[PDB]
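J.: So the chains spell out like this:
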Amino acid sequence: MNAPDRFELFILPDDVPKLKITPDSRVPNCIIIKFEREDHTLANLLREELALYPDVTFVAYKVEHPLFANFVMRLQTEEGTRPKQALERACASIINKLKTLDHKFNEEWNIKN
Amino acid sequence: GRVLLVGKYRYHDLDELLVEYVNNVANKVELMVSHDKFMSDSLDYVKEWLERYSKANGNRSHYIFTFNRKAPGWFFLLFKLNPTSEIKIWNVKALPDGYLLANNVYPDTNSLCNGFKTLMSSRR
Amino acid sequence: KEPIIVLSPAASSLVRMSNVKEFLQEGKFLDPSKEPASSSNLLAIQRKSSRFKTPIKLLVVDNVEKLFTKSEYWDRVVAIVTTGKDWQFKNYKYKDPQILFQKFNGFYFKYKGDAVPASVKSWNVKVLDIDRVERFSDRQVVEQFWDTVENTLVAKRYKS
Amino acid sequence: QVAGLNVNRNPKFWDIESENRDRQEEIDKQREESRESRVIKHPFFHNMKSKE
Amino acid sequence: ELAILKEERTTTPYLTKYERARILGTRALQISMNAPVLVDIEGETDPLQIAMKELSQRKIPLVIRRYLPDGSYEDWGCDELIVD
Amino acid sequence: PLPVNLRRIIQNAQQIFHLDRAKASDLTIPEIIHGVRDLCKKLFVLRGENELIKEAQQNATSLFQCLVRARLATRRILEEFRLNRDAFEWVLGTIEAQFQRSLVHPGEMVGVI
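Residue numbers (our numbering), protein chains in the order written: chain B, 1 to 113; chain D, 1 to 124; chain S, 1 to 160; chain V, 1 to 52; chain F, 1 to 84; chain U, 1 to 113.
Simulated from the structure, these hints should not be mistaken for lab results. Keep in mind that a hint or two might mislead.
To be verified - Cross-link-like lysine to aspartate or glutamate pairs, in silico, DMTMM-like; alpha carbons within 20 Å at most:
1. S:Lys-85 to B:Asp-24
2. S:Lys-95 to D:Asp-13
3. V:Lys-41 to S:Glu-143
4. S:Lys-126 to B:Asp-24
5. V:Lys-41 to D:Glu-48
6. U:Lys-54 to F:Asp-79
7. F:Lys-17 to F:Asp-70
8. S:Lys-66 to D:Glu-20
Construct all of the structure, not just a fragment, from the sequences and the given hints.
T.: And the structure:
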C-alpha cells in the first residue's frame, strides 16, 4: 500500500538533476557532490580510485538512508588542482582500466576456447 | 526595501547606505571645515571679511568656503579676483567620493582648490 | 609592528569602537547602542596572558580603506569581526568572504538565544555568545576570543 | 448604458444644478481612502517630524 | 482589592516554562491571525519562530497574571520577566 | 543528592582560565571570605522581607550552604584548586545562576509525578 515503485531506484525524474555540486566553505578547495539514483557500486569505485591520487587530500561518501537511492560525496584537493578536475580524471582512469580489462578477458577467452 | 536609491547611488541595506554615504560625507565635511580657506560664520560676515582682505591684499585672488544654510549639504565658494571684481559665488556639493564643483568630482580639498584655480586660469 | 584587529563598521555590530577597549581589555561588556559613537577609527589595547611574560599591545582598526595602503599591513591581521554582511569585503584583500575566512580568523558576536544568520553558518567563523542579563560570562567569552588570537600569534611566531 | 430610464430631465422641470452638485459630492466621497502610520525597527530610527 | 501593588511583588522574577509555552503559543496564534509584529523579521515565515524572536528581544506585548491560592494576583509584564 | 555540581564548575573554571602552572594567585583572603559569605545569602528560594520568610529561606539552604562552604574553603581554593580573581568571580556567578535554574516551577503537578 505504501510500497514505492521499484523503477524509482534507477529512473531519474525530469525535475531532479543527476548531479548537484555545492562548495564546502569550512575548509579550502572542497566540494559536496550529490548523486541521484546511484548506490555503492559507483560510490566505492570512485572513492577508492580518488584516494590514490597524490593531489586528493580528502574523499568520502555516505548513503544516508537505504530506502532512498542517492549518495553524497565530499572531495577536497590541493591548492593547484580543482576537485571537479580530479573527479573527471578518476572517471577517465577507471574507464581506461575497464577497457584494457575487457580486452585482456576477450583475448584469454579466445585463446582458451 | 531590498534596494535603496539615493540619487544615482544604489545600496542593498540600511547599514551599507549609512557606512558608504553618511560617514564619507561627514568625513568630507570635516575635511572642508579643517581646511585653511573655510569660514563657518554668516554669509554677510564672510563677504565683508573677503572684501576687507581683498582690499588689503589686492595683488592676489582670494577664495573662501562657507556653509550653505539655505541648501543643506552644500557649500558656497566665494572668490574675489581683485577689489574691482564683483564677488562670484559657486555651489559645491558634499558627496561621499569628494566635492562636486562645476560637474567635476575632486577627492580632496587640495584637489578641489587646484581644480578651481585651473578652471579660473582656463576661463581667463 | 603591532598586530591589527579589524571590526565591522556596521551599526548592528555588538562590538564597536566605542566599547571595544572595555570589552576586550577590561572584560566588561556595555551595550554599544547606548554608548556614543567613537570618532577615532584607530585604538590601542593591552592584553595580559600567561603565555607571554610581557603584555602585548594591539591596534584596533575600524576601516581598512585609509589604513591598509600597503600589502604588508595585512600580514599583521590576527582577527576579523563580521556581522554576516557581504558588503564588508568590497575593499578587502580577498573580496570573497570564504577565502578571507580560511586565511584569517573570523569572529561573530551575537546575543545568547538569537538565531545565527545563514551566511554566518556557511562561513568558517567562530560564534561567541553574550548573555543579555548575566554579566559574569563576559570575561569567559573574552578569554575564548583571546585564546584563539594567542594561538594564532604563537603559530605565527610573533616576537614581542 | 447606465441611464436606462427615460427620466424627463427638462431644465425647466428638473433641478439639474443640484443633481450635478450632489453627484460631484458623491464622487468626492468615493475618493475617500484609508491610511495609517508606518512602523520600522532600527536602532537609529525614531518616529519624529522634521523639526522634531 | 485582589490586585497586588508592583512594589510588593513576591513571586519569582523569572519566566517559568509553562508561562513561556503559553506565551509563545498565544503570540504565534495572534501573529497567524494578522497581528502587527514588533520585531524586524529577516526571512522568517513561521509564526512560532517569529514569536520566539519577539520573546528573545523582549518585545511581546502580553501580561502574565499570576494567581495566588487565596485569590489575589500579581501582574507581570513579559518584558520584565527574565527569560533564559 | 544536591543541586549545582561544584566539582564540574571548578574544573570548568580551571579549563577556561588555564589555572595550571606554578604562577602565584592574586586572590586575597578577605576577597575569598566575603565572596563566599555573600554567595551564601543570595541563594533565593523564597522572596520577601518578612521574618518568617527569612527563617524559611535560611532553613531551606542549610545543606547546600554546608556543601559550598566545605568546597570553597580558603586553603582549598588557594592550594588544591589554585583559582585567581577572575576564576573566583566566575565560579560565584555560575553557582548563583545554576542555583536559580534548579528551583521547581510553579504550576508543577508534583502529585501525579
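J.: Given the hint that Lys-41 (chain V) pairs with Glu-143 (chain S), does the C-alpha gap stay at or below 20 Å?
T.: 33 Å, violated
J.: Given the proposed pairing of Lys-126 (chain S) with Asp-24 (chain B), does the C-alpha separation stay at or below 20 Å?
T.: 16 Å, holds
J.: Hinted pair, alpha-carbon criterion (20 Å max): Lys-85 (chain S), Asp-24 (chain B). Please report holds or violated.
T.: 19 Å, holds
J.: When you check the alpha-carbon spacing of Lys-41 (chain V) and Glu-48 (chain D), does it fall within 20 Å?
T.: 48 Å, violated
J.: Holds or violated: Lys-66 (chain S) with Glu-20 (chain D), Cα cutoff 20 Å?
T.: 14 Å, holds
J.: Check the hint pairing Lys-95 (chain S) with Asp-13 (chain D) against an upper bound of 20 Å on the C-alpha distance.
T.: 18 Å, holds
J.: Between the alpha carbons of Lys-54 (chain U) and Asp-79 (chain F), is the straight-line distance 20 Å or under?
T.: The hint is violated at about 28 Å.
J.: For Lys-17 (chain F) and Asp-70 (chain F), compute the direct alpha-carbon distance and say whether it is at most 20 Å.
T.: 23 Å, violated
Of the numbered hints stated above, those contradicted by the structure are hints 3, 5, 6, 7, listed in ascending order.
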